[PDB]
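Take a look at the letters that make up each chain.
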Amino acid sequence: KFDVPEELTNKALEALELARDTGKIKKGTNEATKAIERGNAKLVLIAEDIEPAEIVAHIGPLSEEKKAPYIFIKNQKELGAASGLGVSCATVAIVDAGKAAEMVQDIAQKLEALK
Amino acid sequence: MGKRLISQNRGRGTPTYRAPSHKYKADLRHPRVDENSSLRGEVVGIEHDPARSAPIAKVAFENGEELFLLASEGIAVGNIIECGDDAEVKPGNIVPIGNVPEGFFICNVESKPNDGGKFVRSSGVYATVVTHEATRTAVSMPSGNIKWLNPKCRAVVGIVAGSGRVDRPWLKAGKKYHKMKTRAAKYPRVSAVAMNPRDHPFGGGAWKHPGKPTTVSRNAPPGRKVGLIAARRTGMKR
Amino acid sequence: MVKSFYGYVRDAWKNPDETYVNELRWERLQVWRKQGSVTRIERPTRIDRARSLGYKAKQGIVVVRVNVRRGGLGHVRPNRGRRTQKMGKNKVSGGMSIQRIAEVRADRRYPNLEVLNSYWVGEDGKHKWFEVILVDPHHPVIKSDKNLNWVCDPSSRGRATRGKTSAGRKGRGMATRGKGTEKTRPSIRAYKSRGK
RNA sequence: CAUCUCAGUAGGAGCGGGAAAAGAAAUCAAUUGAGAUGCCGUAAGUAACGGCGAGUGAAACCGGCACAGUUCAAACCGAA
RNA sequence: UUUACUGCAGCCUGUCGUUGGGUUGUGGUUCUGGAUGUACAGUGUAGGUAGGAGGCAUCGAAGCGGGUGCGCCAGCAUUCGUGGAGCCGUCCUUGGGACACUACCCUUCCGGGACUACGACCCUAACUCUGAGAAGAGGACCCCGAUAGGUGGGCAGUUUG
Ligand SMILES: [Mg+2]
Ligand SMILES: [Mg+2]
Ligand SMILES: [Mg+2]
Ligand SMILES: [Mg+2]
Ligand SMILES: [Mg+2]
Ligand SMILES: [Mg+2]
Ligand SMILES: [Mg+2]
Ligand SMILES: [Mg+2]
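Chains as they are written, first to last, in the authors' numbering: chain BH, 6 to 120; chain BC, 1 to 238; chain BM, 1 to 196.
Just so you know, not all the hints are guaranteed correct.
Said to hold, decoys possible - Computed, partial: chain BM to chain BH, Cβ under 8 Å:
1. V2
2. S4
3. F5
4. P16
5. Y20
6. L24
Calculated from the structure, these hints are not laboratory results. For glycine and all other residues, C-beta sits at the position ideal for the given N, C-alpha and C.
Modelling step: build the complete structure from the supplied sequences, incorporating the hints.
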């Protein structure tokens, strides 16, 4: 596919912050994966620096089969900082918008445009 | 186990069969040149090399480092050498064999590009350029065979100095003895039929004869390939 | 099915030749060939296998890629007179597997730690690679631990060079019970080495 | 005398403590039972192997000494 | 010591792994356009075989073309037409097989596309050599692990009453 523009990624990070302070987010590979499996994720954020790459390999096909909008993030450090954590987090997931629902749907539409 | 042979003793590398390396002046190789470079240099002296019994030239290059070089005939103290791709054809320069004309003599040819030179190096030998196809060039080696070399190979133009070294007979064991002190070879060598059956496949008996045929196949194990190794023919021409 | 990501990693490594792992093998083999015999790597290559074998994210736990050749015990032809049954040695493969060789080299490189387990991580025409999990017994984090303090004992020194690891007990013929193990328990030496 | 025997012996390399190794059934049984391990007795010079020659050679059942069971990985919570 | 008996190293060669991407010749594997199925012809082409026969047809069926699956330039299909009826067969071309639509499930036809194994050629990204390095030269060959066959007093254990 086509890698999303920078404004889209910044919008996703801002929505992550907003749902953090207001809603609910599962952050961590295991919790986010189980959230996707059950099916409640408003949006999935995944970093692209993982070595070994097997950590986040299964997320893409699983989300696309489950009809879940997944985005890609450049580095682990900023994703971890967004979640409210002093350590890097590989993948998070906006389980509950709380108040950032509008960013949820418009980021979904933007991802449909990019795909 | 009847004792090992001389060839296997050379294989182990005992001090009797090792070359006296500290006597030799220096290793002979072409100047190292990067892509699209051409360095020059003028001879400073002509010197004797004990590892080949032929002269070598000392050349000081523009960068500063001096190198011994395989001396082709006619090289004189003072002449400048122009090793590189853009060199003209003259006696002494180093040029690719692709742009050497047919009929010219060369020496110190390389196998693959940037080896420094491996063929045509003993005294007074030389090779010739025969044909120039697009992808290869055929040079007639001093043995008498045709070899297909890369067009981007380097070789000095001329013939190796010291020609005629073997027109002077030894006529003594002493002179040949003196040559052998600066080589790895052993002197003198006992003949196989005069040994005992432990020492060699041919030894033993009440009179000195080989007993078995001297021609040996190419598949014989180590410790048996003694004699005429896989000969195609024998005898002089009648 | 509500499944952890360790399960997905396990499935991906279940059949390496028929997933995305083959391409990763193609890239990784070059970098691995450039490296030495024993190398310290920060994270395990296969997370699920390591967690299964007793790996935790704490101080004092180390993981290492070892490199071992393929083939049998390279053996020399006897110099003197044998009896034509002991004369041949080209088809006589060893009696020690390759995981054991890998773990012993890793133990020889790290004189203060102790080997726990290992697992297969790749192979090509000349080499095999294993990862060995090593635990430091004199670190306070290990000492406080309740599931790992058994290694701070005077019977766990040299745990890999006496066949106490899992591969060691596989190679000692003590992976099972019952028929066939008459001469392999409680040790090979106890029966004049007629087992194995 | 060549498979066999001498014998996994002599010898070698590594590791290591007051002991070490083993140890809580993907077990042994036979119709239906037993219930971690080690060591001693017996089974027994029996089954089995073998120029079926010379020779090599067990285990289970049963009787004793002494007795002791547990800890992780994962599913659920997500830094507690 | 050897063309004594039995073996073992070394070397030569096949196969498997390391080992990838294309060019095409191979063969089925596998897939379509027609039952292609047709000599005692035929009004019919054995719509395999076959309820030994009954539904189709200006509300589409015919003879002919270079000939449309194909074959006996006949003729079942309605196809590009051409005339504007081939109907079943209890008129069976009374059959090698005698034939009618919801059956062709199957002589076959076989872009043979498709994964495969072979012989040859090409490419570079694995790999190998050279260089401090850029880079250069080879290249899925060689080396290497395993296995099968040969040669083998190079070497070992023995026998020669
Ligand atoms: Mg001899
Ligand atoms: Mg080492
Ligand atoms: Mg113990
Ligand atoms: Mg000690
Ligand atoms: Mg145990
Ligand atoms: Mg025995
Ligand atoms: Mg002999
Ligand atoms: Mg004897």
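Hint-by-hint comparison with the structure:
1. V2: At 6 Å from the nearest chain BH Cβ, BM/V2 passes the 8 Å test, so the hint holds.
2. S4: Interface hint status for BM/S4: holds (6 Å vs cutoff 8 Å).
3. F5: Because about 5 Å separates BM/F5 from the closest Cβ in chain BH, which is inside the 8 Å limit, the hint holds.
4. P16: With a minimum Cβ separation of about 11 Å from chain BH (threshold 8 Å), the hint on BM/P16 is violated.
5. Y20: Hint on BM/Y20: holds, closest Cβ of chain BH at ~6 Å, below 8 Å.
6. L24: Status holds, d = 7 Å.
Of the numbered hints stated above, the single one contradicted by the structure is hint 4.
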